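> Here's the letter readout for the chains.
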Amino acid sequence: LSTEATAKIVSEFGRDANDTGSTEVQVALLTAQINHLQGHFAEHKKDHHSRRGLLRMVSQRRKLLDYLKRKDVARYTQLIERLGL
Amino acid sequence: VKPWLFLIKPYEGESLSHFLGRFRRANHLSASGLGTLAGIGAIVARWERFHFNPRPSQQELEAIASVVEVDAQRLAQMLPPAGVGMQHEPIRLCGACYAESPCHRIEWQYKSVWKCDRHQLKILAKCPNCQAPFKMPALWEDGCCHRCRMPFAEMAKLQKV
Amino acid sequence: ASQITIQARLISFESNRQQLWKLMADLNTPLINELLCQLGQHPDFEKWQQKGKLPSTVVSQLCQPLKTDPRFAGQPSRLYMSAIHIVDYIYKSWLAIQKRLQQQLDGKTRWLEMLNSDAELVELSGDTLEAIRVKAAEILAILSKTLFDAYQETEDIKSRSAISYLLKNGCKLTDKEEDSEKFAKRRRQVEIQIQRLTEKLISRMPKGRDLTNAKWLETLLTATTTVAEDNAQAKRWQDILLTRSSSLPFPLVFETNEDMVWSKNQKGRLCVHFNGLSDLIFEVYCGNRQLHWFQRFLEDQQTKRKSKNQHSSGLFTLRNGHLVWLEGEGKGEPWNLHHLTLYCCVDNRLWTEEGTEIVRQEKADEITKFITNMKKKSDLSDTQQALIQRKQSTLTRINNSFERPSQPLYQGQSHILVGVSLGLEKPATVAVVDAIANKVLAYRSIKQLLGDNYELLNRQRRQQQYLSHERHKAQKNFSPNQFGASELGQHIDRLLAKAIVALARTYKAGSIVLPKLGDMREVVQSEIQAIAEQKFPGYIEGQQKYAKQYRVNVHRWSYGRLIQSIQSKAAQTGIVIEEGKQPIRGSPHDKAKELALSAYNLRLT
RNA sequence: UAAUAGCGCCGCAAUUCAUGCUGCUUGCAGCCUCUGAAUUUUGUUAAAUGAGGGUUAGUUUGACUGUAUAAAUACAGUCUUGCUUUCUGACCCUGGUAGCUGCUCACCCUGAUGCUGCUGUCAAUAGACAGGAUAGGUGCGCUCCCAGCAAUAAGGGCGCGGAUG
Ligand SMILES: [Zn+2]
Ligand SMILES: [Zn+2]
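Residue numbers (PDB author numbering), protein chains in the order written: chain X, 3 to 87; chain Q, 7 to 167; chain A, 1 to 142, 174 to 636.
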């Protein structure tokens, strides 16, 4: 993921000026990477070395979503609606 | 005279890990040593870090019961009851419950527990002053954070209500 | 039974291959997939698993309504037959490797109940071990199947304990009242074998082949777009996403020899077209070593034609033929990348006229027995009478001999046997031994049989380690350069088989003896586990790293492949292969000598 | 500079045997000249192994008939097609240009079945140029050892931010 894209997605999932690493931001970064990767997996059906990375990103996002759900269901719902998961 | 050991009475809700650690520190034993004495090998060294990949069996607990002289049912009462899911990491602690009684509660390791029911405090997963994750319960020689030397009972007034 | 497969590439136009690829990859493999799935959820399925015999006609019954299906229509009948045959063979195998596994588990449970120590036998019987020993000797006076029958037959504690004492030593009376820890390890080993058989019995159902990979592509979208709710579902998504996207349609088994009609091209090249697809003409590209088989095929079909079908296709040198697609390296459409290949299964025994007579006698015996078996029933169905008619038709047509080469078979001296010893380190060692006078006529070693080729053996081991490392260094990089020395091992075992059969020919042997190895890679795994469970009491990783190299050497020790190669060559030559028991302790030469001697001793009755 | 030591493999020896050789004494006697088998026993000024990646519908191992031949086998004749593999050679290379994408790194410490290790020239940078399979170590290799790197083994330490159920 490009640095410009990460900065933009941090700002657009920001809760304040300095919130890099908030569960919302982490889920946003993972979702952006997975969305970019799904087309690559549509095309390159042999790139297993990216397949492992995709699996890892999916599991990471799942864990983050479960944690945010247990903590605050309201933030969880509004986040999952913002990303449409 | 009859063969004996420095017996330790189990607490209420203590972990198997913490109880075995107290038993070892009061007998100057080692995880390998305790396992060899019990007859189950290094499995004990696994239990001190909660890796229950093959749940502690009835035989592996009766063999311990023979050595630590605690009833096997009382031993199972420090493992999570059948079906209850626990997280082997991070090790979690409530300061107030430690001040009341210096032990590690197996109930703190449950996946479903985030609040101390008798203290209304959000239990701690890391040291509240230096963010140092807690060691395995068997490794608690005393109640203090290793990195910052802050007593466990003190942390009660840093942990949120 | 000396069936061997020859192969030849099939060359034709791009459209002639597009037709076949579309007609198999898009309609025949999906039919096989659906037939497998339906065979799985059949209500009688758990009944079949109890036996080893899937019913004769069930697969055709689930296929008759499937032929007219919108997505499985537009195929030749003899290709619906191919799909039926493939699925029937898959489930004829899958119900025979799970029934025998269940038998093994039952027998091992019975033996685990059998196993008692000297003290355990004393406490169960309530008598001194000496009385147990005396009664065990008495019962040995009155093989192991009989003792197991006696044990399962009686209920007395004393007699059953006597059976247990006998079978503990293996029908022997050993008076060494020692090694109780040995008994503990033996019971532990039997329990480990029980556990491993139980772990085996939970087997996957026959998968089938998914060329489109619709499930994979759908699951990728589900996993990326949505979020799982529990670990048990994300694990299933991960397992699906890592599956292997197979890209080769199933073969086409043509169980009738005549379904492949042969012809000669105007350029003299041999050509094939299959029943149901005659507009598709394939040109045979073989090698001259395999030319005589295909020329025999054309000559035999023409010979049957010229006699107005007075000749029984059924003595054809061709028995059946698979029509597979190999895998090509590169890109492009699948018909332009993968090479169509014909695998014809030929009964090598039919090449000579003399061997054709043997095949004729075999078929004329089995089919007249079939006629007698059907003649006892009084049902008298109409297609049953058609079958009866065909049987006598084959009887009549079998006595019309084609013109074939002549070779006076092989007169074998019954005395001279050949004993082959296999081992982890000495893959084979042969002893040509005369049985009348126990003196061995000859000995050979793994350097004598591989003469001028012995360098291969070391190069097999030197590089199968190397490749084993190279794979390991590429797996972590996820490169597809995983290579192994399977072809080298196959070549070496073929060389050994040729050398052994040639040696048997030179000394005019009358048989070849191979040991019955049984489950060899499992007994050693059980023993190593049992030993490591005391050597490492609670450390499972230690129990695994213990004797790791020995176990991987056993697992890659290809005794079965070598035995099969020697069996193929001996059948091709006429040597009557027998079986014996490899002595547990001894040098390879003595092992082979006593092995062949024991085989001769048992053969006499 | 270092590769010590271990392990596996070859060979070279030495010994004892025969499945060998000799002899008839035809199952015995000797011998190790060949062939092998089993040890141990060294790495010779050397014997044999030898693992950087690739390239041929490559050649040979083939079928039938007849002869000699009990047969193998040889010879002669007729036919020939390219499949799938194992070697031995010979030759080529040590890649480029584009994209798409994975992993790993605040900073330390230990150090993995971790990575790297050629010749020369120019530098002596960190890289080019030419060459190049002899390519760190031992006769040859290793996951072993040496050297450097080590975030991309694992473990431990540990700074500031955000999160902190
Ligand atoms: Zn509390
Ligand atoms: Zn602290």
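A couple of the hints might just be wrong.
In silico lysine to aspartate or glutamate, EDC-like type, Cα no more than 20 angstroms apart, as pairs [to be verified]:
no., chain 1, residue 1, chain 2, residue 2
1, X, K47, A, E393
2, X, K73, Q, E66
3, A, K22, A, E330
4, A, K566, Q, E66
5, X, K65, A, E360
6, A, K529, A, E518
7, Q, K128, X, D49
8, X, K71, A, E249
9, A, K246, X, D49
10, X, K48, A, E360
11, X, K71, A, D261
12, A, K92, A, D127
13, Q, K117, A, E209
14, X, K48, A, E558
15, Q, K121, X, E45
16, Q, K128, X, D68
17, Q, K117, Q, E106
18, Q, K121, X, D49
19, A, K504, X, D49
20, X, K48, A, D241
21, X, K48, A, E249
22, X, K73, Q, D148
23, X, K65, Q, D123
24, A, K266, A, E286
25, X, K47, A, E558
26, A, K246, X, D74
27, A, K576, A, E558
28, X, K47, A, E572
29, A, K362, X, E45
30, A, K99, A, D44
31, X, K47, A, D241
32, Q, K117, X, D68
33, Q, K117, A, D270
34, A, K231, A, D550
What follows is a list of derived Cβ distance ranges for each label pair [unchecked claim]:
no., chain 1, residue 1, chain 2, residue 2, range
35, Q, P87, X, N20, 35 to 45 angstroms
36, A, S499, Q, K121, 31 to 41 angstroms
37, X, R84, A, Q226, 30 to 40 angstroms
Over 12 angstroms on every C-beta distance to chain A, these chain Q residues come out as not near it, computed from the model [to be verified]:
no., residue
38, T42
39, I46
40, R52
Just so you know, the hints here were simulated from the structure itself, not pulled from any lab data.
We put the beta carbon where it would ideally sit given N, CA and C, even for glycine.
> Indicate, hint by hint, whether the structure satisfies it.
Hints, one by one, checked against the model:
This hinted pair does not check out: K47/X and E393/A have alpha carbons roughly 52 angstroms apart, beyond 20 angstroms. This hinted pair does not check out: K73/X and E66/Q have alpha carbons roughly 37 angstroms apart, beyond 20 angstroms. Annotation: proposed proximity of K22/A to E330/A is violated, straight-line Cα distance about 32 angstroms (limit 20 angstroms). Restraint check for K566/A and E66/Q: the C-alpha separation of about 18 angstroms stays at or below 20 angstroms, so the hint holds.
A C-alpha spacing of about 41 angstroms is found between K65/X and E360/A, which places the hinted pair above 20 angstroms, so the restraint is violated. Our distance criterion of 20 angstroms between C-alpha atoms is met by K529/A and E518/A, whose separation comes to about 16 angstroms. In summary, the hint linking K128/Q to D49/X is not supported, as the alpha carbons are separated by about 45 angstroms, beyond the 20 angstroms threshold. Distance check on the hinted pair: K71/X and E249/A sit about 26 angstroms apart at the alpha-carbon level, beyond 20 angstroms; violated.
Proximity of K246/A to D49/X is assessed by CA-CA distance (about 18 angstroms); at most 20 angstroms being required, the pair is judged to hold. A C-alpha spacing of about 14 angstroms is found between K48/X and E360/A, which places the hinted pair at or below 20 angstroms, so the restraint holds. Annotation: proposed proximity of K71/X to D261/A holds, straight-line Cα distance about 13 angstroms (limit 20 angstroms). As the CA atoms of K92/A and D127/A are separated by approximately 50 angstroms, the hinted pair breaks the 20 angstroms bound.
Straight-line distance between C-alpha atoms of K117/Q and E209/A comes to about 53 angstroms, which puts the hinted pair past the 20 angstroms bound. At roughly 41 angstroms between alpha-carbon atoms, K48/X and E558/A are farther apart than 20 angstroms, so this suggested pair is violated. Among the hinted pairs, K121/Q with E45/X is inconsistent with the structure: their alpha-carbon atoms are about 48 angstroms apart, more than 20 angstroms. A C-alpha spacing of about 18 angstroms is found between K128/Q and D68/X, which places the hinted pair at or below 20 angstroms, so the restraint holds.
Annotation: proposed proximity of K117/Q to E106/Q is violated, straight-line Cα distance about 23 angstroms (limit 20 angstroms). At most 20 angstroms may separate the alpha-carbon atoms for a hinted pair to count; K121/Q and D49/X exceed this at roughly 45 angstroms. Between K504/A and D49/X the CA atoms are separated by roughly 18 angstroms; this keeps the pair inside 20 angstroms, and the hint holds. Distance hint between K48/X and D241/A is fulfilled; the C-alpha atoms sit about 16 angstroms from each other, no more than 20 angstroms.
A hinted pair counts as satisfied when its Cα atoms are at most 20 angstroms apart, and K48/X with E249/A qualifies at roughly 17 angstroms. Taking the CA atoms of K73/X and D148/Q, the gap is about 31 angstroms. The hint is violated against a cut of 20 angstroms. A hinted pair counts as satisfied when its Cα atoms are at most 20 angstroms apart, and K65/X with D123/Q does not qualify at roughly 26 angstroms. Of the supplied pair hints, the one linking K266/A and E286/A is violated, its CA atoms being roughly 42 angstroms apart against a limit of 20 angstroms.
The hinted pair formed by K47/X and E558/A fails the criterion: a straight-line CA distance of about 43 angstroms is larger than 20 angstroms. Of the supplied pair hints, the one linking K246/A and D74/X is violated, its CA atoms being roughly 35 angstroms apart against a limit of 20 angstroms. About 14 angstroms separates the Cα atoms of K576/A and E558/A, which keeps this hinted pair within 20 angstroms; it holds. For the hint linking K47/X to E572/A, the alpha-carbon distance of about 36 angstroms lies beyond 20 angstroms, and the restraint is violated.
Using a Cα cut-off of 20 angstroms, the hinted pair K362/A and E45/X holds, with the two alpha carbons roughly 14 angstroms apart. Between the alpha carbons of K99/A and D44/A the distance comes to roughly 15 angstroms, so the proposed pair stays at or under 20 angstroms and holds. A hinted pair counts as satisfied when its Cα atoms are at most 20 angstroms apart, and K47/X with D241/A qualifies at roughly 15 angstroms. As the CA atoms of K117/Q and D68/X are separated by approximately 12 angstroms, the hinted pair is consistent with the 20 angstroms bound.
With a CA separation close to 25 angstroms, the supplied pair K117/Q and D270/A exceeds the 20 angstroms bound. For the hint linking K231/A to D550/A, the alpha-carbon distance of about 14 angstroms falls within 20 angstroms, and the restraint holds. Take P87/Q and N20/X: their Cβ atoms lie about 44 angstroms apart, and the range 35 to 45 angstroms holds. Separation of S499/A from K121/Q is about 54 angstroms and departs from the stated range, judged on CB atoms against 31 to 41 angstroms.
In this structure, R84/X and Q226/A break the distance hint of 30 to 40 angstroms, their C-beta atoms being roughly 51 angstroms apart. With a cut of 12 angstroms on Cβ distances, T42/Q falls inside the contact zone with chain A, its closest approach being about 8 angstroms. With a minimum CB-CB distance of about 5 angstroms to chain A, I46/Q fails to clear the 12 angstroms threshold, and the non-interface call is violated. Distance check for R52/Q against chain A: the nearest CB is about 8 angstroms away, which does not clear 12 angstroms, and the non-interface claim fails.
The structure does not agree with the numbered hints 1, 2, 3, 5, 7, 8, 12, 13, 14, 15, 17, 18, 22, 23, 24, 25, 26, 28, 33, 36, 37, 38, 39, 40 stated previously, though it agrees with the rest.
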